[PDB]
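Here's the letter readout for the chains.
Protein chains: 4
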Amino acid sequence: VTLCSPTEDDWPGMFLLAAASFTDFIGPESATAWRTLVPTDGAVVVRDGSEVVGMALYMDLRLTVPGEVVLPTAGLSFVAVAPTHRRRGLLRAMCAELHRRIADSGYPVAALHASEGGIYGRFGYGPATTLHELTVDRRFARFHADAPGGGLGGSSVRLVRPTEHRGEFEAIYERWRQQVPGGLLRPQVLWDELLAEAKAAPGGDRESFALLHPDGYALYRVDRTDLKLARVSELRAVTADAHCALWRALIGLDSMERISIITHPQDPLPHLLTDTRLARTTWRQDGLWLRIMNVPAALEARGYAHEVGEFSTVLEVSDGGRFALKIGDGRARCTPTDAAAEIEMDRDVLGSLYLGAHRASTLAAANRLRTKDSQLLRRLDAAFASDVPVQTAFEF
Amino acid sequence: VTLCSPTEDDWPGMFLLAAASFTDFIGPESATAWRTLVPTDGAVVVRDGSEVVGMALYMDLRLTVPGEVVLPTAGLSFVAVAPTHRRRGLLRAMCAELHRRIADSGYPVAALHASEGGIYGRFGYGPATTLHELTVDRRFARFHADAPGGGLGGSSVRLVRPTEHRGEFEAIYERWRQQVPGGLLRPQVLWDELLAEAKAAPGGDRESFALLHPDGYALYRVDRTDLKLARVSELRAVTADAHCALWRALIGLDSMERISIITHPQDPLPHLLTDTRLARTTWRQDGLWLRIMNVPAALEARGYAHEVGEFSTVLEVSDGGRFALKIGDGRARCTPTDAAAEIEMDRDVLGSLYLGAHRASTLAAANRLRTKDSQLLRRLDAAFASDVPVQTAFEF
Amino acid sequence: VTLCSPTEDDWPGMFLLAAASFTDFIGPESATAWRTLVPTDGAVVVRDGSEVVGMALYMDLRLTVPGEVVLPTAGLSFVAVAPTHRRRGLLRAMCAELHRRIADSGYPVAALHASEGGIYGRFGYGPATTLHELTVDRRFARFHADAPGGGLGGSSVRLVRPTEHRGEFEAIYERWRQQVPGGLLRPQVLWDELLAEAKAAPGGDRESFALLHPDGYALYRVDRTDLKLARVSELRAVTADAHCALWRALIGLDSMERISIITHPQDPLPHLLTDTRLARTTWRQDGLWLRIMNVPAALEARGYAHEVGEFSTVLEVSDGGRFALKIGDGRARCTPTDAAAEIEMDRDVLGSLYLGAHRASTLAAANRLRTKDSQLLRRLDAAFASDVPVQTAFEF
Amino acid sequence: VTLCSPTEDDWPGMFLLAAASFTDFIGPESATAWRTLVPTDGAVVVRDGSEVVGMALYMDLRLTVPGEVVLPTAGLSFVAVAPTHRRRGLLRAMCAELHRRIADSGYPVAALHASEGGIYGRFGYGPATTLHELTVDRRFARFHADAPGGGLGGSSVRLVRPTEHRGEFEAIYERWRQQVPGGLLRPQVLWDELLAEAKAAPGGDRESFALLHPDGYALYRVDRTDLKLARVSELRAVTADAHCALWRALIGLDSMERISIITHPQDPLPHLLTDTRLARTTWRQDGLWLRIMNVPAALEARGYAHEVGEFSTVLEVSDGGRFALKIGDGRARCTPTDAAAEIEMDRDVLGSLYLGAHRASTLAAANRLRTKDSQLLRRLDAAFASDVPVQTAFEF
Ligand SMILES: Clc1cccc(COc2ccccc2CNCc2cccnc2)c1
Ligand SMILES: Clc1cccc(COc2ccccc2CNCc2cccnc2)c1
Ligand SMILES: Clc1cccc(COc2ccccc2CNCc2cccnc2)c1
Ligand SMILES: Clc1cccc(COc2ccccc2CNCc2cccnc2)c1
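Residue numbers (UniProt numbering), protein chains in the order written: chain A, 3 to 51, 56 to 402; chain B, 3 to 51, 56 to 402; chain C, 3 to 51, 56 to 402; chain D, 3 to 51, 56 to 402.
Honestly, the hints are just simulated from the structure, not real lab data.
The hints are all genuine.
DSSO-like cross-link-like pairs, simulated, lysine-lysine; straight-line CA separation at most 27 Å: (1) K234/C / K205/C; (2) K205/A / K234/A; (3) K205/C / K205/B; (4) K205/A / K205/D; (5) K234/C / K234/B; (6) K378/B / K332/B.
Take the sequences, apply the hints, and build the full model.
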């Protein structure tokens, strides 16, 4: 059992383990595009000796955090352990090697999407975004008198074929991802993959349509089996007007009984309707997970709420140092100290606070972060809150 | 079609309309207890002429709002319109009469639980608490190393018969309701009803058990049909330790596959587990709805977040006045003005902000409140936030 | 194995066989009321020797046929064969004895409700009414501009407790049953049973309500498990206005998603709505079955359509005689003949034609009645049609 | 927003709107065949300005009505409104333009299949045929002793590959469509489409088989997911013997538990079995909708029942003229008059009467047609009845 960077000769063993580990992995063409995002030395394999029994890698991503700050981010992906090689510490060894490489390379954060909720907390990843599925019974849906774009005259929204408006989608998404915490840069090769998945599949997904506004798009397809359900795969709106105009068009899908979307907890959709209850939360789950690799670099990089007055404290991360933390005028300074800790928490907890998806008060009540000062808790809650609701860009 | 306060002679017609309108209304004994909470002149009936074709009433309640302030609250309840008398403006007429009586009597707020989401917004009620159902697959549930009360030795929690510990439940609930926004005083007659519903029913609900801690209780019963589901009807914990100790005991129900509870969005339960995902959000809905009857009395009564610096603005409520609003040191002053409005919203929107369940930013993005100042929005969001998460006491 | 009229001593053995044969038979009190309708000599039992292994009986009923003619009718009921005594010709022997007694007593017709569709055709019973279940999604239901009773002002319909308006229900039903083919006289003891079943049952059916109009009533109850379904057990309307007024009230049950009723194929309900499709046929089945005991007495008793000109033919019933049949001015004369048959059919087929539920043309296409004259077929179709749609009164 | 006949350049915008509006529309090849049936000027588009936001067209069809009379019929089809352009009166404008063109061209009737039941009544279309799904549990099915073709010896029915017997299917269907009200001429291009859909589809429908008799065929395929269900897509029988012989063969599909077919309410199938109840009505819905474009041309074209004696009345269609209507010897004369109306109804109601699927008495009880004469009602019922049951040919 060696742990090595793979050679070109290891990739067929990796594609077999991938096919056996992930139902979405059709074959080598499935990894082509993603693989242009893996740097040299971004991948490890475990061999028996020899055949591939374990693999993991990271992609070079750009993640938007509160204050519209974009961080270089190591996106852990393609992590699999052969069903023959369970319980042999292979995931631990692969994550320790990649974390060493990611830290040495200068990434301040790593990120992933978790197949299960119980695996990555012990490696320092905290869930940092929340997926919220809304299902609208569009047959009862009426827009509130206050809702934007109720005026008579031309619609600002067009129904279009996705592949014919790639430039517009790219430009709208680039604006969206730079203004929203959770935003990811989407490289050309991932736009190629997204547009390929928009075509009908022989006995698979139905054809995707787009609704296009100058300041937003929705990409939607009818469910393969439930022919009265439209699933909105993606909806990116840069203005409130674009968001409302797109939902007026989706609620105009008169063939459908139900429109479903995976969105975030602060989606204003329900408030656009005379009956907020028509926007049923049908599913909730963790989205993006974060591991803070460098505590001071990460805490100083993000912007903080201007509404909390200057304060200083001492934060200890369980295996990640102790720091004098001063937050004022929306900026943090975070410097080494041996002064007594006023706040303690594990690395994963800081990841869960970092984008504003989880309140410090909520984690304190679970004893995941410890402090004897209730005032300090309220100040942390207020300071780490994000003005712009955190959203989830796209899985990887 | 007259609208009158009912006489003793009207109540049998009211019990018939009740039985036909609400599946939970077994008969007159169903209204006995609740009815001690209806003041003189708290009830209206509509007669055809004569028989009862419409009814509505309010109960005298005490509602806890942020800052642990308790307001006299008119709880609208028993609102029904005969299926023969639909679309005749009877609900509008009954709500206008009760609102006149409630305002003249000096209540600063009214409240209700809505049978449907599309009815009460137009009468000025906004949804103000959020019910969140969590279903735990307790067979996988393990407590995080950080979770309180993991030590060996005696359990602080006892399994008890509800009717034998009424005094302890009352005392714990009284402490809970005074510290949590959404808390309601629960009078003796509602404790009598709650303890009666704890007994097994011939071909109905199974027997209720209690888990009792010095600082919390849970009341739970196995589902009538799904014998592997335990439903926690109520869980009131005054400390984090009590909340964790009670959940350790509920996860010790080894007969069960699943524990379900109707809780609030900030329930720390998920964070107590090594897998946060085991705490599935299976259902979300509006809980308590508020109508602000007197804008200045309500805005001055509640406490505001100390973390936002002093600010002044001009708020117009659509049919509810215009006010100079100054918020600093956790207190608001709210005085008449004809100065230009900086913020506008309908009455229902203010009700939805009032307990901190909905952010001003979220309602602004839906255009339910209008302002041209993004700084003012962030300040409102921060000021109206509740330190203690808003919860739902009990339906009425 | 003797076949005898039962003595008082046989009835406990009969109640045991009943309880084991019919899930609805709670105990002796279940047969008390019905049993006042069984004449002396209306019952047979088969004993092993001794214990009751077979039973059958008939009740004295009054059945309305086209032309508003009321016939004395033998209602076969309480027919059971012990599961130990299957395939021993016991049903055949019991039906031959009762048919002899019914014929000798002077009944022109027998009738029953069939537990299964494959049993009674061979004993000469044809299905003669059609049960049609309509389920309305009342949330979309809007009344057509043409629909009666759309005017503003008092409703002619009242919501009432069934037991307090027994006199009105009785009078409306008596008018209904005399004007509709399929109508049955409902004696006092069956009104006692109907009103008893209207009360809530400990872990059984929910309480029944009534909607009362001067010229119609509906009796409805919410489903025991599906709390958004109202089931209309009975709806008797003497005028079109009463039928429309009652459906406006049922569609005013705003708590409900769906209203279901067992009605007949010509129920005008769908045509009252702007969307006829909201009235989904969810179930169809045979209702009342008829055996014509005396062919000439039955054919001369009913009225025929005035719109077909006088015609004469020769009808042979397979074991029931050959007859010169002359139909004109809405009356038939039906006299013995040995002239060549122009129409042939079995006894059950005549029962299926007799109330107008089945067309002669439809039965001819299945070869259940044979004729070489297509003109004679059209004339029979037209003559046996019922002006007033055939309905089903109540099961027995 | 212009409304224009489309140019060749408009058809790609029309195919996109089609793909987004109808799940069955795979792509341009889906409209090729149908489109040979659209005359010059048979199509309208609505453009924003430009892109296609609305479309509708009619095909040249031949519809059989009672008396075996074949009418030129405008079949409205391909009607779609972009989800972005809802509630802008686009369907009303398109239907008014096509109705003007259809009337000017000399069609006496228009027809369509409705996506929803609440849309087309207001444009004068009444539902005129009734789809009736029968599901047979073929494991219990036994043919009645009376049923044709029970004799020993060769079967008159063969199991065949559809594509190898196109000539026989065409000839049988041509005979069927000329003798049955609801029959449509099926042009060569629709036989090409039907035979293409008979082949297995990669992850779609299973292969179709045929059962072939000299005087009838059935085309059936096993359900894609329920492998014990055979769905009969089409069954066309010119004689009762052919209908019975085909059902004996379908009930010989010993692999299957259930045979389902979409048929008409007078299908004799149930009467062929010893248990009529084995033929469960599992679904009922409107089929073909009719708009009478020229009242006198339509009323004079169809044949009427010979069994009703000569009568005269005055019929007013709400926006369609008033007429002296005389019906005798199976023929109507229908001439302009200003004499007082004895019968009134909207245009859609006449469409619903026209093929005999709905009785005048049933529509009168819903107040959809008004008369003060009950004798006149019975005469209309009898006169508009169809000797041959109305059936549905094929959707368009
Ligand atoms: Cl060489 C390489 C590098 C990074 C990612 C991959 C592709 O991983 C796939 C591809 C298809 C299905 C499943 C997976 C693995 N699950 C995560 C994931 C990734 C991408 C899209 N959706 C989900 C290949
Ligand atoms: Cl005289 C009076 C005054 C106020 C409330 C009542 C009782 O109302 C009932 C009782 C039982 C079932 C349903 C309802 C009405 N739905 C609201 C509600 C109320 C109480 C408990 N759960 C739900 C009677
Ligand atoms: Cl002594 C006698 C005479 C005639 C009928 C009876 C009662 O028969 C019952 C009673 C309850 C349940 C089931 C049955 C039998 N199924 C037919 C039926 C009858 C009445 C009401 N619903 C259904 C008893
Ligand atoms: Cl250019 C033109 C003219 C007339 C009809 C069409 C095709 O319309 C299609 C084709 C496939 C699926 C759905 C539709 C529209 N729904 C009605 C329909 C029509 C034909 C077959 N089944 C249903 C194209």
